[PDB]
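Q: Read off the chains here:
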Amino acid sequence: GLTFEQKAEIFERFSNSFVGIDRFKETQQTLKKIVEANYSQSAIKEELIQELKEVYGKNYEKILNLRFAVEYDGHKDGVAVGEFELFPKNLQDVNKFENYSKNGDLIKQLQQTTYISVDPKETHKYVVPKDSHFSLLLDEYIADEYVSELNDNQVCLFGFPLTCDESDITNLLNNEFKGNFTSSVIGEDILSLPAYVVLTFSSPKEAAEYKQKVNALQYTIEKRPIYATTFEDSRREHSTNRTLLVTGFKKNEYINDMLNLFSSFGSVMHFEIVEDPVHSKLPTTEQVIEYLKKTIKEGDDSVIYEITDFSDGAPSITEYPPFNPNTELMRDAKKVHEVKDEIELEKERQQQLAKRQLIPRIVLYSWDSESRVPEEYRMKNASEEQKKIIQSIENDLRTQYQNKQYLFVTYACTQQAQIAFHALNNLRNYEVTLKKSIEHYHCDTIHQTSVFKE
Amino acid sequence: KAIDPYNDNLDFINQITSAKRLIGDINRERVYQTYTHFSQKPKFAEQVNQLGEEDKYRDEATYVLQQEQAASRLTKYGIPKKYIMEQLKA
Amino acid sequence: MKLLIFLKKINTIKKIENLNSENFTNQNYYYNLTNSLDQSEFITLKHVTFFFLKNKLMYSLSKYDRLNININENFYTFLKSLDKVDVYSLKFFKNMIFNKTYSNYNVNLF
Amino acid sequence: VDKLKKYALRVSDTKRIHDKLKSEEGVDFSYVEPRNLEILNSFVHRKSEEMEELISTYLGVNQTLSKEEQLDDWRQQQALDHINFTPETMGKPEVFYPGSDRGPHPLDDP
Amino acid sequence: XXXXXXXXXXXXXXXXXXXXXXXXXXXXXXXXXXXXXXXXXXXXXXXXXXXXXXXXXXXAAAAXXXXXXXXXXX
Amino acid sequence: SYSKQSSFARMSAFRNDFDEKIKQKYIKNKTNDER
Amino acid sequence: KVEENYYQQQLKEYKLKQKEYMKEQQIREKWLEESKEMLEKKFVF
Amino acid sequence: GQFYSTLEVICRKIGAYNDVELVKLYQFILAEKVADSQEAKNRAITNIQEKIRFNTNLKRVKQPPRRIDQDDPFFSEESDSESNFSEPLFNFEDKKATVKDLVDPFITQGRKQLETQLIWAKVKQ
Amino acid sequence: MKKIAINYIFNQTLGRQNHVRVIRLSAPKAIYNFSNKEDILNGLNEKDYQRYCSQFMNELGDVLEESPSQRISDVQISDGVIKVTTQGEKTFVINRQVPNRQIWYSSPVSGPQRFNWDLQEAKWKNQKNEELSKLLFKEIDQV
Amino acid sequence: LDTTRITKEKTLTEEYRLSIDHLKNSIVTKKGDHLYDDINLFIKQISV
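Protein chains in written order, with my numbering: chain A, 23 to 476; chain B, 318 to 407; chain C, 204 to 313; chain D, 67 to 176; chain E, 13 to 86; chain F, 12 to 46; chain G, 135 to 179; chain H, 10 to 134; chain I, 8 to 150; chain J, 10 to 57.
For the record, the hints were derived by calculation from the structure and aren't laboratory data. It cannot be assumed that every hint is accurate.
As the list claims (entries may be wrong) - A short, non-exhaustive set of chain A residues, derived as facing chain H with CB atoms under 7 Å:
1. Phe26
2. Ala30
3. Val385
4. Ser472
5. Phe474
Ideal Cβ placement from N, Cα and C applies to all residues, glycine included.
Here chain A stands alone, though its shape is the one from the complex:
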């Protein structure tokens, strides 16, 4: 079993304590390194490099220094370019995606947008009508399937973990497997590492007889198996038994941790996350009112558009469409039938105000500081020395984002998917299912609430 003293450590760590406070003090002191280091990575490299070696083995040197290219296809005119780093030197700069260089302004023109500022022609490329959802606009993904794509005389392998290099593969073939093959090609996955190799044999008997060799002997890198497949296994090694969902994660989590998780259980071939901003502009009431009058016709009181002003921090409301209290009234009545006519009509006029207030109202936001503020501390009354500063800040604030609490994966193997399906169901809060013909709009919630209002 275990010794006594180990239990008390396990006990204290898990005695009336939830996640966020498990070893609460130690995490504070990690900041005292980092904050004093001003987010420089200098306090942390000695610890990560041990972990990479125990996990990534040899390629840790690359994996500190890997870089993914980036392409922004949002702005209508031009596509942009950038890069993104695993484990960068600025511990602040994490999943910000700000190193883009080619087209610097066009993405700022998009982050710096209200719900009014939409020109589908010249500025913006992708737009979502009410009939549709943003997933339908995207090119619908089709994961690549390898076992279906075969010649019935070649064979593919599966299950190469992270620590194996290209040099290792070329050795094991000549050393252990000793194939009679004609050719061989390696398939690199998302990270530069390999995960599967195809082998061409001149005739099918060469393949299957070679297959049963590889699967009779159970060659096992550190703990994981490796096996071979042919056209018969295209059924089992199809995209349906590969793809998965995940939903248990929180809002604040970084991608730099996520890619390491799902790569650990096995190699990966595709990711999808939808992230939404936190801070976005809030225009003036007038710009809204100028906009609504173009969109909305008169005599449409099914819905009302509340507009609010938070330049004071407390809301002040402005409404649209405004109310028409046009009414005529009977006055100085001197007979009985004069009274009866008044009663039957005022049953409504005892109710008009409530049936106005009890209309579904679309809520909208506005700022309106420049009006209700002294002229000294305005933006128009500022200096170009300052106006650069504020635009430097606005362009920074609107780079924070929040994931939509779901995720997608394509494991190139099936056994890797079985293992991720087995562990992720048994870790913190993650919950997993296959992706059997479903799209984003099922898991989306905010879109799924607005539709119910309609």
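Go by the hints and put chains B, C, D, E, F, G, H, I and J onto chain A.
A: Structure of chains B, C, D, E, F, G, H, I and J alone, referenced to chain A:
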């Protein structure tokens, strides 16, 4: 706009309380065919309880009666910036 | 000159407070408190495996936000100041406000 | 413990105030003698009192008892009427409900 | 992992469950009940409580207020 | 399952409408008669 | 066609409430009437 | 019966919601206090935990059966309705709950926040 | 290096999210197999293949979408693919395989197999001289 | 039935006292303190 509950001057307030002791009470529903925030409208509210039973009106009546049955400068109208900064010096 | 650097910056700060932000509409600081502690965050067999295996940094690094920690410190001391101090009184007053206490003088048909 | 009183005085300060704005001695009511008052409240709540007699007879409740047993009913009203929320007026000290396992509400374990 | 499967029912999980009932139900006062508690970060022996803390705030303070306090008879 | 996102995916069951009168079609052959 | 169906689907829901609602009132009347008779007997004797 | 009722007054002001929770929190602090080396300590916990795992089952009431709300995978449990009104003792005029009583003064909630809140409650019902 | 595809997408109406950022990562494909367009294989050119599949492939989607039978619980269509789910959980899949100039059929009953085009007969068929459609409608009734 | 019923073996009458003493040593006690009154009674309600 004019009746700011966070307005705190003797002039603006003594003009109010001195009005009621002399005037008495008012039925301001005749006045305002539109809506106001400061007024009391019992007959307006007794209606919405009855209309509120239906399916449309529960999700919408709540914000009304919250806005009416409330008693605070703070929770009803929020807290603007000015009323806080006054209390640091104070 | 030191006074000028102090006050010339403040001329900017009073003009920086008036920026647009969708977040200032919501009361984020109140949501983060309520949404922190849930049924999920209680320790289970599942969480505990995540604390033995991959307690590492590359597998998990978002723990070290100032906001995720400063907010938990309020919950932190309340649990460990439980045995030493009369927080049971605070529970009594918390119920006393909403009349959830039950006294002797009062009348009941229970 | 020092903060406990500040946190405790707010409790009694608030229940006084919140009941005050609903009561409002100056404008909303005026203190009057109860004896002559019930003559009035017998008229506006007349509808309820009429049915309560029908219920008493439907159950089979008897008429008013002898003078001695009416004098017994006298002081038992006086006991309920001469309250000041003290052990002197009660005959017992003050306590609060033992918070039980199933819940603090009493009917969780009647 | 076996130890966690062993000392499962024997584990103490009642205190944490209490706070959950607090934040869920009374979401308002709970913020106050937790804000009421705030232990001192650092102690200090001799001083003149009248104005020593007064000057101790004006000078020799950086992002951390200083002030007096009682103790077990002290 | 309790996750609000994964739930409604697990709930959905498409092709919610059906009929019995309507025959199930087939691909047609102008090559040869059947009767 | 739909409004006619939903019209008559919802009558069944309305009447059943109305019938059981009146069953109480018929039971109220006997209590209201008979209880008043028991009063006058006690005050005349 | 002598020292039982006072623990209910003491344990609550301590974290221990019940008597046995004292033992559950002071397991190891108390295990070191007893000596019957490491094998005595390990065998000492078993002397304790087996008591705890026996003290409960007697105090454990037979729980009521499994309701619909419980173990519902897709949704949480139902939230009981809280109201501000107390019905009449006899309802000659049949009174009913109304929207005003669900509301509570001195607490407010933004307009959009409610409609989000009320939808997901409507989906449960 | 590899590439990430970010797609900023926006809503046109008012109440909903003004701004959205979609992320998509996709590792490239390996080029194990290759055959030129002009290189005919299995009796078909690249253009002969796209015609005689789409003519047969598009008609099914017109049917299976409109299928009134309970058994077909879910159906999905994409570029040159169609997925099926009989009642319960099982799945049938048809998929075009370009360089082979052939299609890919997969059933739980019968393993994955391939079918070929015949000019004199003008239909995708098996080594067993069997249509793809009738196997689809039979294997459903078989299970 | 006897499997359920208690025995003097499994009781805890001493393990309470060991914990309470850990509180008194750990926590300050005075007349103003609410714990001082109940604990000194509690000690008599075992030794007596």
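Q: A separate judgement is required for each hint: does it hold in the structure or not?
A: We went through each hint and held it up to the structure:
1. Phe26: Hint on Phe26(A): holds, closest Cβ of chain H at ~5 Å, below 7 Å.
2. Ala30: holds, 5 Å
3. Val385: holds, 5 Å
4. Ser472: Violated. Min distance 10 Å.
5. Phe474: holds, 5 Å
Consistency with the previously given hints fails for number 4 only.
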